[PDB]
Each structure stands twice: as C-alpha cells, then as structure tokens.
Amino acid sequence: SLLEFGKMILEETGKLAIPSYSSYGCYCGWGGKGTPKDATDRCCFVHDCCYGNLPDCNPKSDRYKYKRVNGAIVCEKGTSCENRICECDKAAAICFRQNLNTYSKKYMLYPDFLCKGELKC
C-alpha cells in the first residue's frame, strides 16, 4: 500500500513521497501519458507498468511487510498480490535512489498539457 511505499521512499531518499514524488513529471504519481521527462520520471513509468501487470491486485490499499537487512529491502511473505506489489515498489525506491542526482525541481507540479505521447509498457 501507499503507506509502505511512502515510507520506503523516505528511507531510501530522505524525501517525502508527497510532494517530492506525487506530482513529478508525466508519471510520478498521477500518470497516464506522454514521454517521461527524465530518469526519475522513468522510474515512475516503469512503476506504473509494474502495477499494470497485476490486474486483480490493489497496490494502493493492500498492505505488505518488508524489512531492511543492512541496507537491503527484503519483501516478507504475504499473499501473492502483496509479494508482487512489494517487488514493484522496492524497485521504484532503488530506481529513485539511483537517479537522485538528476532529480530536478523544474519537474514538480509539472503541467498536464506538456505530457504528450505514446509509450507502451
């Protein structure tokens, strides 16, 4: 769920999910279209695609458990939707950490009309 996702992001980046990653680019947070603006926005796009592979799960409200083993994120065993949701989020958080150096404030609150395009998962 969002709860877990938000806390993973903070632990990983030292940034709060809202609002550093909830209105960024074309996909972070409220996506649907266009070309992702940078590496961080691409993390969000792949994250959307990851969720997109679980039609019958509810990644926003279904809660899972994970633990840190030294720095590593380890998803604990829950239902099959939970395991798979956690793997999607874990990847997004690492992707965020990896591109933290190009994170740009120019992309916060990015306007909808500039998200245009077509990009298939």
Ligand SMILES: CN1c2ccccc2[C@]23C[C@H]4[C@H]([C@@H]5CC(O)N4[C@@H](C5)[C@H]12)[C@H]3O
Contents of the next structure:
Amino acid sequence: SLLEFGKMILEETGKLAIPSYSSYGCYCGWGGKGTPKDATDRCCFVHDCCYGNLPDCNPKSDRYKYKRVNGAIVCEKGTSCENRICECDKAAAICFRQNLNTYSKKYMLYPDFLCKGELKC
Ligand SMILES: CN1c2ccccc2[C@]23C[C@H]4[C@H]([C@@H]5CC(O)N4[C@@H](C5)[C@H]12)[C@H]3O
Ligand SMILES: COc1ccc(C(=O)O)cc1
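And the form solved in complex with the named molecule, for comparison with the form deposited without the named molecule?
Then the entire complex follows, led off by the chain already shown.
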C-alpha cells in the first residue's frame, strides 16, 4: 500500500514521497503517458509497468510487511499479491536511491502537456 511505499522511499532517499515523488516528471504520480523525462522518472515508469503485471492485485491499498536486514530490503511472506507488490516497490525505492544524484527540481509539478510520445512496458 502507499503507506509502505512512501516509508520505503523516505528510508532510502531521505525525501518524502509527497511531494518529491508524487508530481515528478511524466510518470511519478498521476502520470501515465509520454517519454520519461529522466532516470528518476524512468524508475516511476518501470514501477508503473511492474504494477501493470498485476491486474488482479490492488497495490494502493493492499498492505505487505518488509524488514531491513542491514539496509537491504526484505519482503516478508504474505499473500501472492502482497509479495509481488512489495518486489515492485522495493525495486523503485532502490532505483530512486541509485539516481538521487540527478534528481532535478526542474521536473517537479511538471505540466501534463509536456508529456509527449509513447513507450510500451
Ligand atoms: C495498465 N494498468 C493496469 C491495467 C489493469 C489493471 C491494473 C493496472 C495498473 C493501473 C496502474 C498500475 C500501474 C502503474 C500505472 O500507470 N498503471 C498500470 C501499471 C496498470 C497498475 O495498477
Ligand atoms: C505517492 O502517493 C500517492 C497517493 C495516491 C495515488 C493515487 O491515488 O493514484 C498515487 C500516489
């Protein structure tokens, strides 16, 4: 659920999901079209796609459990949907951390009309 995800992001990067990653570029947030503006936005695109492989799961509200094993995120056993949601979120958090160096405030509150082009998962 968004609760586990925003907490995962905060622990990883130091930034809060909202508003550092809720209205970023073309894919971080409500976003769902265009060409990712940068690496961080590409993390959200892939995260999007990852949730995309789980049509019968509800990523926003289904809660999962996870623990830190010396920094490393370890998804704990839950239902099938919860395990996969967690893997999707774990990947995005790490991707976010790996690209913190290029995070640009230029792509914050990014206009919808500048999300141009197309990309398939
Ligand atoms: C295509 N679409 C879907 C088609 C059928 C069921 C569920 C989904 C989505 C909505 C949502 C989310 C991610 C992130 C995203 O932008 N959306 C994608 C993948 C999915 C995922 O949940
Ligand atoms: C990062 O926080 C959120 C909250 C709600 C939604 C949504 O409702 O689609 C997406 C991200």
